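A.B. asks: The chain contents come next:
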Amino acid sequence: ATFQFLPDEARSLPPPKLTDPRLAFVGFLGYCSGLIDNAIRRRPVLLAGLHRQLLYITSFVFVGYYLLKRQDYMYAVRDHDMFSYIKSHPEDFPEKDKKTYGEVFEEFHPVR
Amino acid sequence: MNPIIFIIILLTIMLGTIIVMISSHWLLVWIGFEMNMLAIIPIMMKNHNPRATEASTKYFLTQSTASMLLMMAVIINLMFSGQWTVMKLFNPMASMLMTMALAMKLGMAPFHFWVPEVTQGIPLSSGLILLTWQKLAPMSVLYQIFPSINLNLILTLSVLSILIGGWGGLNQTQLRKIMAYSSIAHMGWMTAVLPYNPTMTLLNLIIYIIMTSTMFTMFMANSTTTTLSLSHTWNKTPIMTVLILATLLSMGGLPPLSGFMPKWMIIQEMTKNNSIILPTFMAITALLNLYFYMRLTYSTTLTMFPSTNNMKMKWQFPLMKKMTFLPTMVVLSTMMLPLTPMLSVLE
Amino acid sequence: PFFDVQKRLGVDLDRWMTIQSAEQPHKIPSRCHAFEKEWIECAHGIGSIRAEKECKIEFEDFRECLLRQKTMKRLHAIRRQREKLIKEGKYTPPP
Amino acid sequence: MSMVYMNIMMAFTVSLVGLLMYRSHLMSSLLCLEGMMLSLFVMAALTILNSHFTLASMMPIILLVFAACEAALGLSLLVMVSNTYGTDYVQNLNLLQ
Amino acid sequence: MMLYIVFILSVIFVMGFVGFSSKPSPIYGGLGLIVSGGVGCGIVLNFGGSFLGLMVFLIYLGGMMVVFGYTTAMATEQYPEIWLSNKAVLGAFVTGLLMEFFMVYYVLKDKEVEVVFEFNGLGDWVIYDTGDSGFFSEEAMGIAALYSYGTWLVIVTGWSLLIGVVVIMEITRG
Amino acid sequence: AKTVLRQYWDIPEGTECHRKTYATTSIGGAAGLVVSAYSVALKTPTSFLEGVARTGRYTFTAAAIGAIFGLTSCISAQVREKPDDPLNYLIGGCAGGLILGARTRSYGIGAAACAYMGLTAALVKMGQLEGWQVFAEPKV
Amino acid sequence: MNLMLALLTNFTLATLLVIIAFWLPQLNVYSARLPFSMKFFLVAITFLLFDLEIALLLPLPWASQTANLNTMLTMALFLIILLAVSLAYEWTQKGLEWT
Amino acid sequence: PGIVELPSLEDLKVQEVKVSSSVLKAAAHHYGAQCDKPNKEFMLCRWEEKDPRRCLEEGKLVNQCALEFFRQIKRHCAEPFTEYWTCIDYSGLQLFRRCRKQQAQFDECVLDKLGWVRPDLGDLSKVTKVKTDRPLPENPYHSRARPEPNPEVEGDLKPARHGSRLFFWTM
Ligand SMILES: CCCCCCCCCCCCCCCCCC(=O)OC[C@H](COP(=O)(O)OCCN)OC(=O)CCCCCCCCCCCCCCCCC
Ligand SMILES: CCCCCCCCCCCCO[C@@H]1O[C@H](CO)[C@@H](O[C@H]2O[C@H](CO)[C@@H](O)[C@H](O)[C@H]2O)[C@H](O)[C@H]1O
Ligand SMILES: CCCCCCCCCCCCO[C@@H]1O[C@H](CO)[C@@H](O[C@H]2O[C@H](CO)[C@@H](O)[C@H](O)[C@H]2O)[C@H](O)[C@H]1O
Ligand SMILES: CCCCCCCCCCCCO[C@@H]1O[C@H](CO)[C@@H](O[C@H]2O[C@H](CO)[C@@H](O)[C@H](O)[C@H]2O)[C@H](O)[C@H]1O
Ligand SMILES: N=C(N)NC(=N)NCCc1ccc(I)c(Cl)c1
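Chains as they are written, first to last, in our numbering: chain A, 1 to 112; chain B, 1001 to 1347; chain C, 2001 to 2095; chain D, 3001 to 3097; chain E, 4001 to 4174; chain F, 5001 to 5140; chain G, 6001 to 6099; chain H, 7001 to 7171.
Simulated from the structure, these hints should not be mistaken for lab results.
One thing to keep in mind: the hints can contain errors.
Unchecked claim - Label-pair ranges, simulated between beta-carbon atoms: (1) F:5140 <-> E:4115: 33 to 43 Å; (2) E:4087 <-> G:6026: 30 to 40 Å; (3) B:1264 <-> A:25: 16 to 26 Å; (4) C:2046 <-> H:7032: 41 to 51 Å; (5) B:1156 <-> A:25: 32 to 42 Å; (6) F:5140 <-> E:4117: 50 to 60 Å.
For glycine and all other residues, C-beta sits at the position ideal for the given N, C-alpha and C.
Okay, chain A solo, but in the shape it has when bound:
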């Protein structure tokens, strides 16, 4: 599509798990923003405004979830494009015949 965040084809891919380690890190970043908010305003860093701290985490997780989906979609699209091109141009990607090390000659460089 054009100017679409998550085109319709992206729904074939599995969704990111809610226990994604990257999503947990994003949630952690949101928690840190909550603490720095208290610190710059000289509130008790850990206890002040738990309602505010809850929205910092939630906001980061919510936005982080969709950015993770787009990220995974774009890499899937990259792989999908690359394999199609290889399929359509077999002459540029020949299956070379591999030799064994008993057959291949490698120079020996003594360490002495």
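Position chains B, C, D, E, F, G and H with the ligands against the provided structure of chain A, taking the given hints into account.
C.D. replies: Below, chains B, C, D, E, F, G and H with the ligands alone, put in the same frame as chain A:
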């Protein structure tokens, strides 16, 4: 300024940029730049002093000259292709003019002389718009015309900007001039990678905007515009010195901070294209920037400068400036490296 | 566009003026309508890298209609040969 | 190209050089800026007219309108500069060195 | 010859630009631009641009250049320095005219000159459209189309002009 | 500038010494003019003759540096009979480095310029031999 | 040619009358800032900006021939209203005052 | 590039309609009604072929029908017609509305003598249909073959193999 008028003028600045980014017609791109410039002058003038008047005048002449060159490129393109579509240009002479016009708008060296002076002459909040939002429109055009850009010209502009930005910042004690030369150096990295991978231009642009917005916001929170004024922050807001320390080290590209990611990803793209000397030269030259960021950290955070007696009065009053989005911006300015693969969202 | 809002919203903000072979008031054609039309159709959907080589013939014709540099060069050649011959008295223009 | 394009392109260059080679009066540079616009308008009109590209006929007008509004802003800054120092000389605008 | 009227006008056009680009007193620099503007209209008229040409007189000359002269009388000059009394202006003025003359002398003689780029000299009449017999002004049809095709152009242009009023009032308040 | 560099690189090494010096001097002399141009523009000379003196001063130094580099570098390859050896330009680079020290009357600057110019010139020959790209064409 | 002849005659005659006015037998043997208000500058700028909007309105007699009358009328009224809005803005901001 | 074929000078000769514009203006409404068939066949040819060299035969039949049209006015209505177009010819804009009296005399004469009816308002601007044996042009633009499209991509979108694969990242 009336608060309603200020909002309307700010939206006109944004609308001028948006028109540039959604237009498929060169005339509408030119209109976007004209609209944007028209609305940015009042916010540079909003404190009515001779230095503000000088800055706005120097800004007007530079941007007006660039917009004339942009229109000249558009008409030459029309002569040789008979169309107005925003894309590659169809004449080498038009490409050079458009590239130079956009370099003038961005403030890249050697069209850089206005950026330190205009930034110094306008308030911190205006400087924040000048060095962040105003880069979006010229960069979005460069993103679309890069196939027709002369490679030697664009890389020469990039190398000179990294050199000029690095050397210029060493002699500065004014915080707005330091930011201005930091901007010039960072535009250089963005345009060096443009011929190879435009996505890394966008990545560097976004990360640069976040860190620059962080620094300007923290300067505004304390009303600091000089190195020595900033050296008093330890005896008022100790937390702010730590945030300033981390952000400056990030802007210096030190791992494992977010500001390493754009330099790292750009080096990767140019090496993939068998470009080794240029990335190596750029990385070494960027140590000049790291030096005068480190100097600020020394006077702000890692040492305690002398204070004044009247500072004790400030201890009794809370910090009442908005500091909007600062907790979010500072965290993104420093802690995003583990999420680097997310740069593909920009693809 | 950097952000293709026009295509995505299906709204025509400025595409109507981008080319001279688009719809015009009272179906007035541009002088190079057929040349631009041919070049656009050749180059459609294959990308500028391919188009610069595969649609070169159409673009060369289109550029000739736009600026007429070859045509003027040919007329300038016939004009040279006449006002030369006229001096050697070897030509007489018709009535 | 046609003869006229030679002189019209030359006029843009002359006014560009004039703009980049400042003298003293700020007004003199604003005139060179408006001379560049004049040659742009003439160059675009000639191209659009000769090619019979009908919908582009409004383009030179739009260029004139925005440029004049842009020239109005320039004149406003000139008077503010002149209200500060009593002249429009550009050598007074050196506080930010 | 009359067939070269456009080329003749474009030659005068350049001299007017040298006139004010060498930057005499802005009183005379304004005069040089007024003459160039009038000649610029003449060039546009001869390519069939009646409406566009008259906009130069009405808007560029009768509007913008009047305000330029008006502002010059207030904030720039009231009396002018003797024209060409400065060495730099005269040097630039003489430099431009000679460059212009050498361009014109060679193109006329050869019917083509190579000033950086290749230019023909046969006449501008040679590139003109040959067949025309519509019962309307095509140039007028295009400009009228601004209100039926250019809804977007009207909105942004209308908005910018309103902003110009707001901005200039902010700038000048002090 | 492409054309001037082409004739220099067109000629082999250690042959036609007088042609190499002409090329290197022309390259260097032009650089002194570019440096002079920005200098007078951004630092207005006191008088018209003062600007001419500055222009000649810079241009002479730049031409002299390039002249010596080409002369010294092409003789070294000639005497040593090693056309394709980076060390030749290492000698050529330092020679031009010393001239700068003389023109600036600073033995310290001469030693500094010798090393930086010497290494730079040597790296330029290695890149020529092995096809190092400075402004690489995009490929991927 | 006719129009150029007309213009030449009008201004040539004007030139002749001006010179003979200056010449006749007399039978004799023996750069700064004006103290002028910023308001007058604002009149000129205001005229200019309105003059630019009048330029956009001049095509209206031709535009009324379009078959897209609904769009034509909406944009025509839109342009005039915004011109009225800028007049209202100047008015309320004391921009049309002389005291 | 080749040589531009052009018809011979004698392939273009024909009897021209050598009457002034006010004569054609006065006869236009009856002319459009009487000579519609060859006229529309010619205009169909021009807009289909886009080549004046290809419609020369039909262009000639346009003149013949017009000369026959005017020879028929000269044979029956010469004096009412001369009065009419002489009134048209007097006006600087050749206005119809100044000559309704003379128009009626000419209109009555052709109707009585030739059964000619003046087309009503709107008729002559109708789009009509034309029968032509001329084959429909195949490649009027003389366009080459279009470049083949890029190999279209079709398949099932699978997760990226081992994630981003960026340096050390596992996802
Ligand atoms: C996880 C993946 C990302 C990995 C990258 C690294 C991320 C870490 C960077 C996060 C961004 C910076 C935020 C750090 C939070 C700092 C908060 C803190 O620790 O306390 C600050 C401290 C408290 O001051 P205050 O609250 O005003 O009053 C104290 C009275 N109890 O203030 C003070 O008392 C001032 C103390 C003097 C200043 C000492 C300076 C040296 C310590 C600096 C540590 C932070 C350095 C950050 C650089 C990264 C470290 C690896
Ligand atoms: C929405 C999600 C939010 C997740 C938040 C999860 C943690 C929330 C903790 C809330 C309670 C914090 O409560 C606060 O904690 C600290 C230490 O724990 C205490 O204060 C502390 O001061 C010093 C250390 O600085 C020590 O003497 C001791 O550790 C303790 O007294 C405060 O007396 C208490 O008010
Ligand atoms: C500062 C204010 C900002 C407000 C921004 C508001 C956005 C305004 C959107 C204007 C464009 C609306 O969308 C556009 O409108 C015009 C007229 O209706 C239509 O245009 C129509 O008129 C002519 C007639 O042929 C042609 O352009 C086209 O054939 C026809 O569709 C477009 O088909 C439609 O895409
Ligand atoms: C402290 C370090 C300072 C920076 C050091 C930077 C070193 C940079 C090396 C410059 C690039 C290498 O040098 C450059 O290589 C390319 C080959 O690809 C050469 O390219 C040329 O060589 C051949 C020689 O036959 C010529 O015919 C032809 O003109 C061209 O191919 C350049 O003539 C050479 O100048
Ligand atoms: N111009 C460049 N060299 N860079 C570039 N954007 N290449 C396109 C290749 C690419 C890379 C990553 C992804 I995810 C996708 Cl989908 C496609």
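A.B. asks: Is 50 to 60 Å a correct range for the gap between the Cβ atoms of residue 5140 of chain F and residue 4117 of chain E?
C.D. replies: violated (36 Å)
A.B. asks: Just tell me: holds or violated, for the beta carbon distance of residue 4087 of chain E and residue 6026 of chain G against 30 to 40 Å?
C.D. replies: holds (39 Å)
A.B. asks: Kindly confirm whether 16 to 26 Å is satisfied by the beta carbon distance between residue 1264 of chain B and residue 25 of chain A.
C.D. replies: holds (19 Å)
A.B. asks: Look at the Cβ atoms of residue 5140 of chain F and residue 4115 of chain E and judge whether their distance stays inside 33 to 43 Å.
C.D. replies: holds (42 Å)
A.B. asks: Lying within 32 to 42 Å: is that true of the beta-carbon distance residue 1156 of chain B to residue 25 of chain A?
C.D. replies: holds (40 Å)
A.B. asks: Is 41 to 51 Å right for how far apart the beta carbons of residue 2046 of chain C and residue 7032 of chain H are?
C.D. replies: The hint (41 to 51 Å, Cβ to Cβ) holds, given that residue 2046 of chain C and residue 7032 of chain H are roughly 47 Å apart.
In this structure, the one hint that does not hold is number 6.
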